[PDB]
Amino acid sequence: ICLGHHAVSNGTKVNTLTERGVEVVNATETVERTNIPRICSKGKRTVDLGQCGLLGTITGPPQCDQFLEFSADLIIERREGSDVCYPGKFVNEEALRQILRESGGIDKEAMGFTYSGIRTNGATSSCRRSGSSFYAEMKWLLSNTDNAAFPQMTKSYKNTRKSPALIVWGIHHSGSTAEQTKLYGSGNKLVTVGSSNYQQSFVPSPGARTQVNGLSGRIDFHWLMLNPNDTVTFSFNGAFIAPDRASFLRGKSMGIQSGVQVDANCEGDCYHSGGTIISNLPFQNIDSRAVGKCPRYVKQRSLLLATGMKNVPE
Amino acid sequence: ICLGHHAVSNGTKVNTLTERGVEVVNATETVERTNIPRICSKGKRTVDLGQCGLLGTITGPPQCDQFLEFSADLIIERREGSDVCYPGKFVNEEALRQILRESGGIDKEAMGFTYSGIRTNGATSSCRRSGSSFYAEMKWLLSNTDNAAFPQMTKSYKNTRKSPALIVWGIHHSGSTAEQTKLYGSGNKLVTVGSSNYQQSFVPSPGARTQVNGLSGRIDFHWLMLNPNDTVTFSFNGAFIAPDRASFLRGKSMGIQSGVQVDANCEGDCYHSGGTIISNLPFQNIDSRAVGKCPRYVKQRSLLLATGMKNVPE
Amino acid sequence: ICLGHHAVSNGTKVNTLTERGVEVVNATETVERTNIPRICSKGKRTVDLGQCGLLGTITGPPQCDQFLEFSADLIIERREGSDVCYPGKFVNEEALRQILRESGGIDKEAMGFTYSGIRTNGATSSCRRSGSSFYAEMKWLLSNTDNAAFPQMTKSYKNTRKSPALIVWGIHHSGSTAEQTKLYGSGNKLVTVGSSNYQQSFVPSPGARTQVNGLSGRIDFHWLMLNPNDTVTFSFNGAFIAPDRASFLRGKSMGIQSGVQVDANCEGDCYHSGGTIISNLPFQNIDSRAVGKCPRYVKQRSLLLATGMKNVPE
Amino acid sequence: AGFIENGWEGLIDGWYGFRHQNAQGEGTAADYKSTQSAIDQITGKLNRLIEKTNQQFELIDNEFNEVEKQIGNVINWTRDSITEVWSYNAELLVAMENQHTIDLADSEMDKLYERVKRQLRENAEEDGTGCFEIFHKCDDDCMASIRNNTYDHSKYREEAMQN
Amino acid sequence: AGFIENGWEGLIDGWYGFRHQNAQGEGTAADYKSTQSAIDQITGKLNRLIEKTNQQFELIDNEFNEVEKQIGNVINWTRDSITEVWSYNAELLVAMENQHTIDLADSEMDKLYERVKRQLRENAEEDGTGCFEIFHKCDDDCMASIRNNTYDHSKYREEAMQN
Amino acid sequence: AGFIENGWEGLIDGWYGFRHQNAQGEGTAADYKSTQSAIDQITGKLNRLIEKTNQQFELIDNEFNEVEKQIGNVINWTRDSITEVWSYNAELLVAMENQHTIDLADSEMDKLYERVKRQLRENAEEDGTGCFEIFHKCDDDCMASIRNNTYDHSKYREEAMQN
Ligand SMILES: *[C@@H]1O[C@H](CO)[C@@H](O)[C@H](O)[C@H]1NC(C)=O
Ligand SMILES: *[C@@H]1O[C@H](CO)[C@@H](O)[C@H](O)[C@H]1NC(C)=O
Ligand SMILES: *[C@@H]1O[C@H](CO)[C@@H](O)[C@H](O)[C@H]1NC(C)=O
Ligand SMILES: *[C@@H]1O[C@H](CO)[C@@H](O)[C@H](O)[C@H]1NC(C)=O
Ligand SMILES: *[C@@H]1O[C@H](CO)[C@@H](O)[C@H](O)[C@H]1NC(C)=O
Ligand SMILES: *[C@@H]1O[C@H](CO)[C@@H](O)[C@H](O)[C@H]1NC(C)=O
Ligand SMILES: *[C@@H]1O[C@H](CO)[C@@H](O)[C@H](O)[C@H]1NC(C)=O
Ligand SMILES: *[C@@H]1O[C@H](CO)[C@@H](O)[C@H](O)[C@H]1NC(C)=O
Ligand SMILES: *[C@@H]1O[C@H](CO)[C@@H](O)[C@H](O)[C@H]1NC(C)=O
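Chains as they are written, first to last, in PDB author numbering: chain A, 3 to 316; chain A', 3 to 316; chain A'', 3 to 316; chain B, 328 to 490; chain B', 328 to 490; chain B'', 328 to 490. A prime marks a further copy of an entry chain.
Where hints are given, some of them may not hold.
Unchecked claim - Distance condition first, Cα-Cα at most 27 Å in a straight line; then the derived DSS-like pairs of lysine-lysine:
{"no.": "1", "chain 1": "A'", "residue 1": "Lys254", "chain 2": "A''", "residue 2": "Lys254"}
{"no.": "2", "chain 1": "A''", "residue 1": "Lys254", "chain 2": "A''", "residue 2": "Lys91"}
{"no.": "3", "chain 1": "A", "residue 1": "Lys110", "chain 2": "A", "residue 2": "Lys184"}
{"no.": "4", "chain 1": "A'", "residue 1": "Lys254", "chain 2": "A'", "residue 2": "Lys164"}
{"no.": "5", "chain 1": "A", "residue 1": "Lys44", "chain 2": "B", "residue 2": "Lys379"}
{"no.": "6", "chain 1": "A", "residue 1": "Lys254", "chain 2": "A'", "residue 2": "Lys301"}
{"no.": "7", "chain 1": "A'", "residue 1": "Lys301", "chain 2": "B'", "residue 2": "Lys379"}
{"no.": "8", "chain 1": "A''", "residue 1": "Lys301", "chain 2": "A", "residue 2": "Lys301"}
{"no.": "9", "chain 1": "A'", "residue 1": "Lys141", "chain 2": "A'", "residue 2": "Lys91"}
Because the hints were derived from the structure by calculation, they are not lab data.
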């Protein structure tokens, strides 16, 4: 009576500590390469921002009118999205973006700012709604008539909640000094923003820029996180985009950048710009910048794990 | 004659490469979880800052009067500590904090600044000592009387040591333009600071802020590291908090943030906000932000290492 | 007939999982320590900047006159190199340096800026060539005569290539306000730079600095990357160092900092300040900041790998 | 898989087995115990490696609007370092697990051979190529008792001993 | 721990030992050599793993005054990555060390059994369950000579050979 | 390297070998197969570890003009963390590879001994110290047939059996 083991005609070559290419019976894959070209969002509150930019959800351009108080477990940014209608730029862009990606949505509430002796409805052609409008969450503060002066005003807001608030204001940089005097008046303008953790120091800078949307002026948006019961204060004498409502984070969420479609038929926790990685394998070779609960990215295309005995054929 | 091995009634379950829950005879713990709720500082020069903030040790508020020239191997920050008496804020806070944590203490020396035709003793109510005082290491530069002008002065200091010096000055932002003219005079103010590695460009910004300690003004502290034999220069025409003495790092130390008591009966090299980690184990599951010579933090609560043979009972 | 194995008189002690100091027959080294004190650049286009600073290659001081359009696979910086002739400093230094290290060289092309009613050839004593010169790639924009005014001009440039362009301009900070009025004229000066990704806001700040090269004035260089077909715009009324030519990255390269000689007799892909690491070993203990295709740095001086059986002598 | 020259392609019932040729005929059978042990250990190794990470990583870069160049180069630097770490860990992990798997199967085969030698004390000899040269006609029911681990060590002793 | 069905709970003197029953009585003893070797290797493994790191890490965040949000998210990102690396390294380290420990003990037992078989050449037989069936009354002093590795291989040869 | 007390310093022809003393004289020879297998596996282990990384890392700090202190402390922090990771990985890698190498050589020696026992069935005995006590004068050509694996298991059977 003889003893022996099983074998196969065509084995699977694996790598060990001693050799490279040892042919065994059976071997499985440990590095994932199959990618689903969709955003698997089954069972998740999903908000596809589309043409609306993430930061815009705080200022409220027209394309973000339906995202002013969104709520989601997964947030998707699109490359066609835009944060602004009037040409401008946020200060600390990616910081606020990373804050809003894991916020679980936003919750606005009117800050209660009343004005006396100042025109409050400034609009522009590029912020189109029914006619010429502006940011739905902001107030373009201008002078009463086509000229006169801008009174040095001061307004404060106390965070009357239990969670920090997102405060966003604007600094308008006109196309020329004559237009800054036309909108607010001559003289040096200053905008002071103060709290317990914030203490900053704005001043407009008129000048000519490239015609984006056929316009040369700019608007610089700034923000701060206000702790509970702490008060934020503003001392401004012109060139001011005031906040109407404050934002409050709802909870937790996920923020991704993608260009593929949303599919509620599959579920996945690992996302990248090209789709979703649904795999149990410990490693993946699709995208190094994959986010969520992903297998750890490696450079190797494949790493075969031996699941059987060494194959020794006759 | 038969051969066999020893066994026990109740073994210890461990994990291997093939199975999870293999019961062996003896097993030891490799992940530390026991924490001492104290700061073990036996045999170390320790400075408990308490109500004094770290950065304050350079400017010298009242609560830091006994920390102007401290020396330690371990520095402890407390959440009740404050860097300022007059409401203000440092520029590059955490950079200077990280510099001062491993400095081994500070060593001050008068920079030798003499003034001609300018009042030099400006005080405030919030910087209380015997009466109304100011920072022990700074000079609030004001005008001679309740008004008049501020001469555009320039002062220089050459680092006459072998180690870099810590230079800290201040930019006062008054509560209003009328108060800035009351303290220094009308006209645009500028403060220029220059050296071989530094080249910066300050200008005050008066305005109203939140009443911290019942006050609306602010003071922005700035700093630079001056190389040996290199000269720092200041060209200012008002709104200037001048440095009296310069700081020099003593050597090496450790800086931690904690809220527990100091205990010179135990020795430890791994600290966190909740105490000291005294362990020989290679891993710990207490605090991921533990500092010093710590075991490497892991997520697993426990990882049992088999120290004995597999337990096979009858 | 007996069976046995080979042995030696003096073995090599190695470390295992169970013991430390097990004497085996043969063992090889896995941690590299031998260092070649030269820059092995065999078969690589190498540019030794020498006294020329990297950033200077964009502005063009005298010492960089032979580096205005360099091309290399390996770029070497020297500690005696300088970016400036006129005393100044770049904004975002290390960002632009890291961009230029892997650029594969630069390619300049005249931006086509014509001026009307403004003197364009401003020079200084420290930028010596035949006499008093200036940056070879920049135009010091001054007033026509020793005074008069500076017209608020605006100039634009459209990136007419397929790769992003490097745009560098300058902001002159004079030694005093009287000299700023002498060179450009009285009144507040502003320099506005705008594009699709850029939107910034310069204003000069006259004052006295330390005499570097016997001079108190400064020049702050700024830069931006211009996307294809996108236009950059400048709106300035004085104190402006205009760009003559724009830069375009050639391809890929390597940038190192070293103080040793160049040697085209040896080839290596791992460089540090003390030379080249030519080794097949997986680890090295020379320099932790080694760059290129290096063995991974470890703290251990040596780690002996057992290449033979355990040595058991009689 | 050492002194056994090669494996049995016809053995499709398991990983290890017996191939007997006596006086009655030929036959091949599979040993359920050793095979089930081997596939249990390898299966448990797979289940230990096929783990899902419960740690969530957020987006730190920006594909549509590139972050500042310095912090971006720091992010790319750290991410590339971690990528090297995980590539090394994956390579070494797969190599070590494959080695221990192959040596594990060889150990199972060797233990089966050793226990089959433990059953047949002096009633049979060893050839050197993984066979047991019998010196007493063993019937098919006797070899079935060998596979069932019920071979009496002494009821065939002297017969196969005087040969 | 394979063909030996189970361990001896009564064996409190060591890890491995002899349990003999002849004509004089019963007894159990411990083998100091194999046990001391096993606990020496495992003890050295512990001493190799119970290492103190001489590398100091400074405070990079701030618990009382949070740093800027961008650099803070980068710091948390890197720290979480390193945390994953060390969790994986700890899991794999403990698993591998446990495997090599168990197989090491099994190897020590197997080597003790093999050397006890090396002492008794033809004077005794093997049963298959880790016992040595003697065919000559071996006195308690003879079994004590077995434990002391002093059993003469030939002074009991023919007596236990004709049985 | 266990029950064999020590190695042969005179054995300079290979790693394993035979040292025979019969009636004709003394001699020592080397076994090419087991030695070549061992040095093949260890050589392949070296070739697997002597790998060149194809990943390029750029300069992230600045030795001539120090970067800002905060981002510099973050860079030093991350670099030190990765340094700890690679120091640990190097230590554990070298230790494990050395262990598997030593146990691999011991396994090769044990397999050579086991196969030499497989050649000589009942024609010789085992002593316990890695020798094969012969009971039939084996000529130098007979021992050369032992080294060449050509010893007939039965043409010297009864002669060495009645001793
Ligand atoms: C071979 O491995 C794969 C890996 O998934 C498994 O699905 C399959 O059942 C295995 N087959 C055998 C015969 O072991
Ligand atoms: C906030 O302020 C309100 C009223 O001033 C007070 O009732 C409440 O306790 C405060 N909460 C905290 C957390 O300070
Ligand atoms: C079991 O392991 C622990 C681990 O510290 C050790 O203290 C103890 O002495 C060990 N006991 C035995 C019987 O090995
Ligand atoms: C610093 O300056 C002094 C006097 O100018 C000189 O004696 C000394 O050598 C200098 N040291 C260095 C390091 O430059
Ligand atoms: C010992 O190892 C070294 C490592 O490079 C090798 O060069 C040498 O040939 C080896 N010698 C023997 C006898 O194995
Ligand atoms: C750039 O502009 C030119 C002319 O305006 C056009 O022909 C070309 O297609 C454009 N390329 C891109 C990439 O927009
Ligand atoms: C980081 O790498 C990506 C490629 O994955 C590249 O697109 C990006 O530009 C890099 N970051 C920087 C700052 O260059
Ligand atoms: C980093 O994580 C800690 C929790 O350990 C959290 O308190 C902190 O806010 C995080 N950092 C940022 C920038 O959110
Ligand atoms: C980082 O470490 C190096 C030493 O390798 C030191 O020279 C440098 O100053 C450190 N970085 C900072 C920001 O201190």
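Hint numbers the structure violates, sorted upward?
1, 3
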